[PDB]
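For reference, the chain that follows is the form solved without uridine 5'-triphosphate (UTP), supplied as structure tokens.
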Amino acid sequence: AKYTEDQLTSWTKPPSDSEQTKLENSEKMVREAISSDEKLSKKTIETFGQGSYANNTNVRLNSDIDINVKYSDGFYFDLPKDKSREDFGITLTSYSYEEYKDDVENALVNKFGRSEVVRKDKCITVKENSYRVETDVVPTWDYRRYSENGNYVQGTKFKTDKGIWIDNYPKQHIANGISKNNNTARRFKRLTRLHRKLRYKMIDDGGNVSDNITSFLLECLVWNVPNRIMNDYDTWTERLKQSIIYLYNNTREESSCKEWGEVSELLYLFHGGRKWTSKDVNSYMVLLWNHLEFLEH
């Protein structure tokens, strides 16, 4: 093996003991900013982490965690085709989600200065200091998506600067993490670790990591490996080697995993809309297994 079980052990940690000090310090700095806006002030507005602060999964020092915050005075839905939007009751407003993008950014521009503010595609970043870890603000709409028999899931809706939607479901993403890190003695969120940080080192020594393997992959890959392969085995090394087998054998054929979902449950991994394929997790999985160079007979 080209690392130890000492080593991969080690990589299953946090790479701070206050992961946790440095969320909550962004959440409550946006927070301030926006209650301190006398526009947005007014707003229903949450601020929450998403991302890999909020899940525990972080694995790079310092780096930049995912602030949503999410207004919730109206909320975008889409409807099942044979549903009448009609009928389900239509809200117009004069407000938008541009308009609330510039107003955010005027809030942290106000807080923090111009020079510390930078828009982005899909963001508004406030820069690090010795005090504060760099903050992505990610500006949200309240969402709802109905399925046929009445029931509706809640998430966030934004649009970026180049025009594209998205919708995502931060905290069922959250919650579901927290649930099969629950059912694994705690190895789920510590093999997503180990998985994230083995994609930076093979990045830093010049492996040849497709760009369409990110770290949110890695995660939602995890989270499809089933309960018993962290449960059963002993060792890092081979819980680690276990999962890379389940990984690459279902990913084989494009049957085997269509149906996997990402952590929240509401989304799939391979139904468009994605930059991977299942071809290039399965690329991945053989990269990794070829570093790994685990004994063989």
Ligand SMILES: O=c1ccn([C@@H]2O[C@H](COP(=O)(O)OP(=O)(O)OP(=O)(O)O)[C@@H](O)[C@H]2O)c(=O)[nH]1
Given for the second form:
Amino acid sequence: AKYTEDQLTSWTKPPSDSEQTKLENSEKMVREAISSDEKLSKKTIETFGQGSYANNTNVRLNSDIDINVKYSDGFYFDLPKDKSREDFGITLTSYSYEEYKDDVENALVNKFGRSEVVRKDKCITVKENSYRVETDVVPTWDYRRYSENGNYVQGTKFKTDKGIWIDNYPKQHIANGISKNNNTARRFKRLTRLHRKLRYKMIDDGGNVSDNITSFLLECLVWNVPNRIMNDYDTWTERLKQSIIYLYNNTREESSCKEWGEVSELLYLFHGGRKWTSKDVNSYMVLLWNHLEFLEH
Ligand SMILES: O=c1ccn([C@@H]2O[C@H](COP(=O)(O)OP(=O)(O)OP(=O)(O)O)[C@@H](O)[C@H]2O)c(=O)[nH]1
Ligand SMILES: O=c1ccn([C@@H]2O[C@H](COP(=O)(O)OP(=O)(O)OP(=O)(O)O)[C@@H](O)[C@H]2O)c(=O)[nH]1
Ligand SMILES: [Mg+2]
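Next up, the form deposited with uridine 5'-triphosphate (UTP) bound, please; the one we just looked at was the form solved without uridine 5'-triphosphate (UTP).
All chains and molecules follow, beginning with the one already shown.
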């Protein structure tokens, strides 16, 4: 074992006792930037956390906090092929996502100053000082995806500066992660923290980790590890070993994992459009296993 049980147990832990405080401070500052803007305050816009601080899975002290700002006065939607869009109800509006993101960047500059705000491809970064963590503000619009039965699932949708349209389901993501954490006696998110920290260590001491293995991907993988592997073992060394074994085994053939979804369970994990592959995950599991140096016979 390249690492001891104490070290792994320590790395299953939040990087500060004030994580929720930082998240709520970022949420409040973004919400105030919204509410004290002349243009946006007159629009239905919900400010809420997403990502590692909202899932209590962050492992890097004062890493970026993700704050979604979701416009909901008009929603994008997607219908099955056997349904008409006209029959559902159409709405035309002079407002667009591009103008919304420009407005959000304007409000952020107004509240925090242009030198503190940095527009990026998928977000708008507010720089960290001594009182606030660096915050990625993510402007999105309401999004509905309808199924055959008439029910819809609700989420967020946005357009990158490079013109790519992205759909997300952050609320269902957080809800499902909370459910699994409850049903694992709070071991799911500890194992997620351990995996994230291990990825960072491997990248730091020189290891060759693929850029396709993201933190969101690691979280979705640990999400896909069945609860029994977390519940039915007694040390973190063994839970980690078994989770790696499971992910490796079920990523050797695309058939074993082509049905896995992300934490929201509303999008597939390996159905194209992703920057990773199941072979990428399998290679990463091999690299991590060889890094950990478990005892063998
Ligand atoms: O590919 C993606 C990436 C991101 N997202 C959505 O954007 C949220 C934050 O996107 P992040 O890339 O920041 O993931 P993370 O916060 O969990 O890990 P860090 O790198 O920040 O440490 C994610 O929680 C997810 O809801 C997706 O839906 N798909
Ligand atoms: O699908 C996504 C992706 C990203 N995000 C949010 O935008 C932030 C940007 O984080 P990313 O790392 O995913 O985008 P990038 O512009 O840095 O491109 P790469 O070179 O890293 O591949 C993320 O931290 C997340 O909060 C989403 O909300 N949804
Ligand atoms: Mg994040």
